[PDB]
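Asker: Since chain A is already given, all that's left is putting chain B on it; use the hints.
Take a look at the letters that make up each chain.
Protein chains: 2
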Amino acid sequence: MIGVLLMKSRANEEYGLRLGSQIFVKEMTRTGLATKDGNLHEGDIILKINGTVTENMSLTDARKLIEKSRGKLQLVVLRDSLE
Amino acid sequence: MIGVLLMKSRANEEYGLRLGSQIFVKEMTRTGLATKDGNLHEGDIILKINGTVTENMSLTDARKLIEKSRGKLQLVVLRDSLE
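For the record, the sequence lines run as chains A and B.
Start counting the first sequence at 1; every next residue gets the next number (the authors' numbering).
Start counting the second sequence at 84; every next residue gets the next number (the authors' numbering).
It is worth saying that the hints were derived from the structure and are not from the lab.
We put the beta carbon where it would ideally sit given N, CA and C, even for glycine.
A portion of the hints provided could be inaccurate.
[Claimed, not checked] Computed footprint of chain B on chain A, listed as stretches where at least three residues anywhere in the stretch have a Cβ under 8 Å from a Cβ of chain B: (1) 13-26; (2) 30-44; (3) 70-78.
Chain A extracted, bound-state conformation:
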């Protein structure tokens, strides 16, 4: 937990930093199918969900996809397995 303050030393353009966002496992129901098997850990970055991209996608969309996904849902993760 450490923040960094970066200052600008060029009046030509912005910092030139492109920040993106990905959908991760914020939280799951206790004693559920996700916790019983341990498919994804709280905080793990998801790459794809039910054949749908999980990068730059809207939070509302990701939540809607899981809601509309009545039956079986697929989740893909990038790196990190056991640890």
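Answerer: Positioned in the frame of chain A, the structure of chain B alone reads:
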């Protein structure tokens, strides 16, 4: 790389999994102020930006914050406190 397929239980209900999004460093200009100091790692998860939360926030908002913050910008990273 590694994906998991979760199925529904024998009962009319949802999975109960809450998926959230976080703003990370997608890509930055080489030989810049961010790379010179190494404030954030490409792909690293950010906790806050210029005092603005970096969880569940919007991609446009995060980009606007950095753009509107002409001069100096603050960033928060999570990966253990180290000097």
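Asker: Compare the structure with each hint and give your call.
Answerer: Verification of the supplied hints:
1. 13-26: holds (count 13)
2. 30-44: holds (count 6)
3. 70-78: It holds: at least three residues are needed, and the region 70-78 of chain A offers 9 whose Cβ sits within less than 8 Å of chain B.
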